[PDB]
Amino acid sequence: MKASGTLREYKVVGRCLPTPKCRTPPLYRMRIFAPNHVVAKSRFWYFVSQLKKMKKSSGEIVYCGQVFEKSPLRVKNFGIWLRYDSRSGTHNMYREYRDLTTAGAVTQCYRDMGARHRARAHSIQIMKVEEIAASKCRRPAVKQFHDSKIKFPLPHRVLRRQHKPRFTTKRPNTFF
Amino acid sequence: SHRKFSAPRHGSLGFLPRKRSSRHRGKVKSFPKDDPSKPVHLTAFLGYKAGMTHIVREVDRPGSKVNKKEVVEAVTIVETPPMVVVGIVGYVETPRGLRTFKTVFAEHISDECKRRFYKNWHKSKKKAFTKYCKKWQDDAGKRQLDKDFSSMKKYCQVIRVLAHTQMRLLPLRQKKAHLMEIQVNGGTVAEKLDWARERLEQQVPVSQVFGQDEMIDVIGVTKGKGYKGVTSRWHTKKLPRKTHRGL
Amino acid sequence: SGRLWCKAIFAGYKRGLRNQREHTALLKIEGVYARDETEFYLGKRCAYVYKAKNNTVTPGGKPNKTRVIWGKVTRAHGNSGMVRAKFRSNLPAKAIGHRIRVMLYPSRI
Amino acid sequence: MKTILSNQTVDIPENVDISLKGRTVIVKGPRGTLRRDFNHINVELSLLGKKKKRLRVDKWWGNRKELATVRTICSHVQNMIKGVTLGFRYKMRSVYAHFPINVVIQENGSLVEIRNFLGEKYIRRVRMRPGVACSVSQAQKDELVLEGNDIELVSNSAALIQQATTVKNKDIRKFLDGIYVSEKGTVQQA
Amino acid sequence: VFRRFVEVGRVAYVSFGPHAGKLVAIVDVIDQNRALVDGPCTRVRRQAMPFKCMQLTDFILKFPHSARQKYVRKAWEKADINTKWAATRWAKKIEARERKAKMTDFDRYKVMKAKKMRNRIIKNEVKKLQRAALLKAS
Amino acid sequence: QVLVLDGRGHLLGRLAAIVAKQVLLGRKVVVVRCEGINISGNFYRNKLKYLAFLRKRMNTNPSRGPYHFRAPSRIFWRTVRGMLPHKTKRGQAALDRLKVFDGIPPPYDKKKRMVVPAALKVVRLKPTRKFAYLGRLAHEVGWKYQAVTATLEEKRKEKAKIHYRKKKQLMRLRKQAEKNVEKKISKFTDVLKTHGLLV
RNA sequence: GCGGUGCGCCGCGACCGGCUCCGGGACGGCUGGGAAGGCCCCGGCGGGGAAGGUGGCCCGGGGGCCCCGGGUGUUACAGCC
RNA sequence: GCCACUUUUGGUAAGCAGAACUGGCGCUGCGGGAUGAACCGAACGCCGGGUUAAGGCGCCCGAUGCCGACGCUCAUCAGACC
RNA sequence: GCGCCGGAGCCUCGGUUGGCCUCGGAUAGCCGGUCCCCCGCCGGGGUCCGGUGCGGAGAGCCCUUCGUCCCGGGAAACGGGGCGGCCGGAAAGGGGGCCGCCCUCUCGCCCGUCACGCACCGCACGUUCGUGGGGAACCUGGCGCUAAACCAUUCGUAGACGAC
Ligand SMILES: [Mg+2]
Ligand SMILES: [Mg+2]
Ligand SMILES: [Mg+2]
Ligand SMILES: [Mg+2]
Ligand SMILES: [Mg+2]
Ligand SMILES: [Mg+2]
Ligand SMILES: [Mg+2]
Ligand SMILES: [Mg+2]
Ligand SMILES: [Mg+2]
Ligand SMILES: [Mg+2]
Ligand SMILES: [Mg+2]
Ligand SMILES: [Mg+2]
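So the protein lines, in turn, are chains S, B, f, H, M and O. For what it's worth, the entry's author numbering labels the leading residue of the first sequence as 1, then goes sequentially. For what it's worth, the entry's author numbering labels the leading residue of the second sequence as 2, then goes sequentially. For what it's worth, the entry's author numbering labels the leading residue of the third sequence as 2, then goes sequentially. For what it's worth, the entry's author numbering labels the leading residue of the fourth sequence as 1, then goes sequentially. For what it's worth, the entry's author numbering labels the leading residue of the fifth sequence as 2, then goes sequentially. For what it's worth, the entry's author numbering labels the leading residue of the sixth sequence as 5, then goes sequentially.
Hints were generated in silico from the structure; no laboratory data involved. Every residue, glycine too, gets a C-beta built ideally from N, C-alpha and C. One or more hints might be untrue.
Stated by the list, open to error - Facing chain O, according to a computed beta carbon distance under 10 Å, are these residues of chain M, among others: (1) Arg47; (2) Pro51; (3) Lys93; (4) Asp108.
Using the sequences and the accompanying hints, generate a full structural model.
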């Protein structure tokens, strides 16, 4: 998997094929975060192969569908439990983000661990994402937005749109 | 492999284009740095190497073996007849250097100095400065050539007077008088130029340039010794006797 | 009694890094510096105008010295409003960084 | 982590008239004026309160390497208030084992000649800083007093004359001579 | 010092993007660099929006940080932002900016003929004032 | 048809990267006051870089070796000709249209000089980074004319302020004349305001 | 006049067809028979909860009744779930 | 005969010597890897239009002159693409 | 036989197709005023007043070219065009401002009235800076200019030869 674009969040259920040993197998459900349903169904048979004795050849996708986020106009806090591989060793983690959608926080999580830890998207596994209320949050870079009277200016407005006026007279202003 | 035995290199690379000097007259590459406190004075002079002789003098240095003893010391005679000042020239400091601004010559300049402007004084008809000297004898030119002193007193930082030797008084075959810019170092630029425009077309002797027991610098071209070999010029080690193609 | 052609600089030929294709000129039209602005100039007539020694014949007039190479703008070229053109005889490399007059008259308004 | 806001107010006292021209501060009081432009520091200096009783430095969106420069600004303003209310008296004592360090003060407090340090004949002429007045204190036998307004001038003119008296090529642990900064107090007290 | 603060309820003009030219209102600052905005009265839907595209007006309208669009519209048309925006010198020099872009060729000609005389009348006045000040000096 | 660029507060290679392209597109560029070009990174790294460039002399004849120009204008000239294809004759005809000047000489002191925001220090460095002045670097690597050009530029500034005070005076006479004339240019102004030029 | 063939040289326009790149419209299907959101101190009537706590109350400072911190608590003269 | 992925023998090791499978080079241009027998793309009659691959888009140098997104990073030896 | 000042053309090299005549500079801050106030030789600073996504805006400013004809309105009259004096210039020097005169005009600019000017019959390099840079020969006049260099000879402070 490469984390192309923004990630979508899928509810993929699946089961092994009916045999005369067990005529109705149990059905298994995962939250698979993926750019599209094809790689979602591939990550499903990655993780369920790691968990159960189940492969793509002896099983089937019973339902692969994008589960839409249920309140995308409330800013929410997200806790993501993680598992990834460094240059030497595997590490469990817990990162916190603050975003509108459950998959927006995960596509922010991939781009944060690729930024900080050089952890690539095939190396990063993802196990739990919870919407966390503002008391249970514990990361100081997220908890500083938890005040009703939030207030800050935008101090050094760097000039974008540089090569549109390219040669001017006036020096570009920076304080706005 | 390295040199077995280290040894300092022959010659100096600081004097490196060891060529014939383009000039016969020694040229001052840097006059002493000016300051507006001292009274005005010339800072260079020309002379002619006469020869060498002795001296006996009593030495007063407390600490040597030769305190209150009397050495002999070799000396050099430099004949220095008084030099005639025949012009001034100003200089303005520029970000590209120090550009000449306005050269102003005297009224009557002597025909030993006029020799310098001619590669062949015999074949010529001696016509230099003839249309220029007539500016000093009319009001159309006098108000012209004092307005430029007023511009030299505004825009020039370095005023260098323009003197020449007086070769009528020398025992030499030559009559073509050497001439030289001599930087005037003294007060403000107004004092510095209203000192020298009175020295214009008259003498300057030596005794109001230098004094006794003052250290000075001698500029000049060496005694030319021709196209010479590497052991004669760079003093490299002569190769031994047995060498086939010369030693 | 005035000027009736947009200013354009002949930037280069249509070229790869180790290959240039001289059948297609790159024109940098002054004022337009983006593909959302290069929409107007597509399909316009354009001309490289140059003087020479021997007299040519000028249509509608006596023989002058000024000669041309006509051509048309074909398509845009990259995000900065650079544009492609094709002339009916290929431009000499004399013209690199000179003024091609890009006309107005095949007009689409 | 970018924090959202750090600030730290500084109570200026009653007699001090403080003003600030953009980011450059001017502190005035009894002893004089001190000016120190903070044009490298990239903050918001705001002189809040009428009667003008507090200076307030703000830093918005700063990581810790530039959040460290808030109590730095506060401490330079406090040392700027102190050197105009009270002044800066650095007393410094000449420790000498055998040869007496002979200090003479010239140009009414602006030049210090240091003689006979370890019996040497080279004399240390050290110029002070503009605003600092060196003096040989009475009621104490060998003690120099450096008084002034700017702490970075008083302390630097102390460290100059302290590094002018060093040993060379010897055991510094035994040849413990030189003028050394002993007490760092104010000129007048409260 | 600073005059415009990003907070709950500041109206922001928008530089670029899909909603360019519309006022918007900050509801809740999501992250360091992106914010949850809406304009209930200027036809721009409730969404997140970065700070790179929004310029801050000096208009604060008071509503809580979790309030929905029904209660943002009430505090909008209470303070009457849409007329105070058109009365601002800001919007007059964006409206006069786009009038010059809307200007046709005949309008460009008429503007040229007007300013050709108006600059001459101004210059003929100014070179009376200059010599009047010089006769005052004399 | 001649582009006069200012040089104060512009990054060295960020300015040269567009001076090179406007020069290759046939536009005669005169950049001016190359003293106040500043380079990013701190002064000691930049001085070490230029001293390392001074170390690169040809071993057998340093006269044929790389000419290390010490003036700021010619440092900027050499860093443009690094970016131009100066072996080919279009690059040689390009470099003939770049005209660099230490300070602002009298051909271009009374001409309005242009600023590139896309190559400028306050735009393209974040403000806690520390930059390095090309004038000071060139001076204490061996350009001899810092103080001379500084006094000449101070002479130009104290004269440009005499120009600017008169320009202020003329604009105040104009905007005090316009209120005297607003009764008879009331209809000449109104057709300008309806077409977006005077409001 | 028709048909074939071409113009001495340089050019233009028109429509038709092929091959392409792009723009503007407009309609429909599906899904959690879309998810959310819009309108009816305001969707209605009763019930609850806390906080990134609105009122109010108290303390503190900047004041000339406003603004700003801190504490209490649960709809008040804000809102949320 | 040589090289390369992976498997592999001797040797500390080698742009060393010896094997297996397959593909290359030799017999082979072209775009990219600045440079280059073997690497990545791709194999070729002579041309026009369009579009890609690998690789790129400050300038040399076609193309980011996107109001590109999120972070990390100060190096007095920064870093920068099989 | 040369330089300068005031005509027709010819050959050749080519590029261009309106000018922007200038503060310094800050960027977590700026610009413009007012001066009522404080010092200096009009300048600096405080106060207050305006702007500040810059509008005293380079997203900008200036100029705008079809021509002439009459008659009227708006603007001008102090202006428009052409001869003598006062200043402004040095870093690589300003075709700029001002004072007079003998002339001259109600012309120019903005609305209107009136008709004309190859209307060259749909078609390309048109429109300029252009009295362009250079090169010769012709023209008529005015005021001014009448030189050096190199060889050959000599020197010997120099020298392989040149060079000096
Ligand atoms: Mg050795
Ligand atoms: Mg032998
Ligand atoms: Mg010892
Ligand atoms: Mg082998
Ligand atoms: Mg072998
Ligand atoms: Mg084969
Ligand atoms: Mg091949
Ligand atoms: Mg390589
Ligand atoms: Mg492969
Ligand atoms: Mg092709
Ligand atoms: Mg490349
Ligand atoms: Mg032409």
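Here's how the hints hold up against the structure:
Interface hint at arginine 47 (chain M): violated, since its Cβ lies 33 Å from the closest Cβ of chain O, which is beyond the 10 Å cut-off. For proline 51 (chain M), the interface hint is violated, since its Cβ never comes within 10 Å of a Cβ in chain O; the closest pair sits about 18 Å apart. A least Cβ separation of about 5 Å between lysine 93 (chain M) and chain O falls short of the 10 Å threshold, and the interface hint therefore holds. Against a cut-off of 10 Å between C-beta atoms, the interface hint on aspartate 108 (chain M) holds, since the closest Cβ of chain O lies about 6 Å away.
Hint compliance for this structure: hints 1, 2 are not met, and every other hint is.
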